[PDB]
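Peer 1: Using the sequences plus the hints, can you model the full thing?
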Amino acid sequence: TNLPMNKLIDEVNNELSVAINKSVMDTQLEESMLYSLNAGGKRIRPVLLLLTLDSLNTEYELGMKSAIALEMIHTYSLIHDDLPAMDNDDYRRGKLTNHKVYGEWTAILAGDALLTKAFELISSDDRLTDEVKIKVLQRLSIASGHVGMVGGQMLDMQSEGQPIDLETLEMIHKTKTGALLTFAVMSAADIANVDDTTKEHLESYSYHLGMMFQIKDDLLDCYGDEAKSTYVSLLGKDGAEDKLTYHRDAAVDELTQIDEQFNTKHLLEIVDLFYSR
Amino acid sequence: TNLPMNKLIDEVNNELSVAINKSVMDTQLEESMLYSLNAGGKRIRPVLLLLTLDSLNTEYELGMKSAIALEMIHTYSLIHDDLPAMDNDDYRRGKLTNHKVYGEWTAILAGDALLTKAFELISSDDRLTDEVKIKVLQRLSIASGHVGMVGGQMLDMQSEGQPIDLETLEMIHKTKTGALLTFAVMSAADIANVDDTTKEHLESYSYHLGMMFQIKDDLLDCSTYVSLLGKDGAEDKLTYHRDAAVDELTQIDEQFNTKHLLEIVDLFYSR
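These protein sequences, in sequence, are chains S and D. Going by this note's numbering, the final residue of the first sequence carries number 268, and the count climbs one at a time with no gaps. Going by this note's numbering, the final residue of the second sequence carries number 1631, and the count climbs one at a time with no gaps.
Some hints here could point you the wrong way.
[To be verified] Simulated DEER-style distance windows between Cβ atoms:
{"#": "1", "chain 1": "D", "residue 1": "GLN1615", "chain 2": "S", "residue 2": "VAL92", "range": "51 to 57 Å"}
{"#": "2", "chain 1": "D", "residue 1": "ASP1581", "chain 2": "S", "residue 2": "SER220", "range": "47 to 53 Å"}
{"#": "3", "chain 1": "S", "residue 1": "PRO154", "chain 2": "D", "residue 2": "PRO1364", "range": "54 to 60 Å"}
{"#": "4", "chain 1": "S", "residue 1": "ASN29", "chain 2": "D", "residue 2": "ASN1617", "range": "51 to 57 Å"}
In case anyone wonders, no lab produced these hints; they're calculated from the structure. Here a beta-carbon is modelled for each residue, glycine too, at the ideal position from N, C-alpha and C.
Peer 2: Here it is, written out as structure tokens:
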């Protein structure tokens, strides 16, 4: 199907603006939740999940709640990441961070609530059977937990200001960043009920796509410095570009192995967006 | 069934001590998670869950994962509660708090991880059909989220150090503490597949039990029930709730032996 990226982003944004109902207890909790939820980003995680379903010949709206959940999980990690005991960021995308507007305690709890809400949302989605709902929930909890997204944050924070090797660096990005990405495509594969071998290719695809993400960003930070512990600091500039290209190629490779009844133009298009620059 | 309190607590403590495995990433996450999880206590929430499953003529072991999930939810909020930006506790029943042993950032992450693992645990439980997992899971997230446990904490923090009226104090208690306890009973009711009438009595019991619990605590400690009503007023409320809890227990279909649930109200009413 023809789905312009900006038209999906728009739909996601409309759903996210109205995804939490106003306070019954008269606190700022839900305006804090909504504040970060509406911060406005690129929304690649939800969009990835949506586009993956479309490539798999499945009604993309089946995955809207899962996509919303996914963005809630990403939002919550940011609110916690930004806190003074952690990254300590006062600004993100030109706006004040949650804790700068609401205090540390509101932000902690706004994070906790969003984590919780993500699970409520999937478990309540009537477009999916209970069997598929369990699969998505199981996958989200593993992707987000101690051996996924939060485990990577632990590893990242432990590594702060240390010269770690490349297996460590990759371990951090694979769990901290890649597990949500892999959730996006595999939750879709699960809603679509595609066959084991298509699942395998979508898996590798998602892994390589995920590794592209942070490499590109390290390169852009370096390209930026050229004009008037990371991938380029370990590998140098050309090593990083080589790494990027290798993941690009393995991603693109993996798509060409998906059986021909599925049209991957969308997935392939996301690879190129991650690759560009 | 004959299920002694001390034996169930012992089993629950053993399941919890092996509930999280060491991970390939080599950090303190799993250690911090387990540190707080083994801090031990009354374990009344998981115990409540198992006991009522048994009261409902159902294998209590069917709710063991749900019970462990419940205790994980309980301990994560304790980890977050004690943080300097919140209650700022350095001590909890004699032992140092999570963040004082492992630092603030680790403690925050141990909490997030525990929250997440609870939903993994119920998701993965093969003793339950997918249909009941969803029922339990949906209930856990509503009881723990912004209209439940965490919303209750919002209200509490927002009200810190100021005279709050009685209906506000009860709203805080109903959500901050009451929602989980009610989950312990209603999740068990869903696993057992008991009827609607039985559920309404159980819900009502759990509600009155929770209030009974909160009033008892304020009384034992000699804003609060005592400071608002005075000691005798607080004692009136305590007894009112004990009796309402028991009234609900006697209205339940007598195919179910409510003895264990009665033993709980009496354990905590008496001291």
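Peer 1: It remains to establish, for every hint, whether it holds in the given structure.
Peer 2: Each hint, compared with the structure:
no., hint, verdict
1, D:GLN1615 x S:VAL92: 51 to 57 Å, "55 Å, holds"
2, D:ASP1581 x S:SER220: 47 to 53 Å, "51 Å, holds"
3, S:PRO154 x D:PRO1364: 54 to 60 Å, "56 Å, holds"
4, S:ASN29 x D:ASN1617: 51 to 57 Å, "52 Å, holds"
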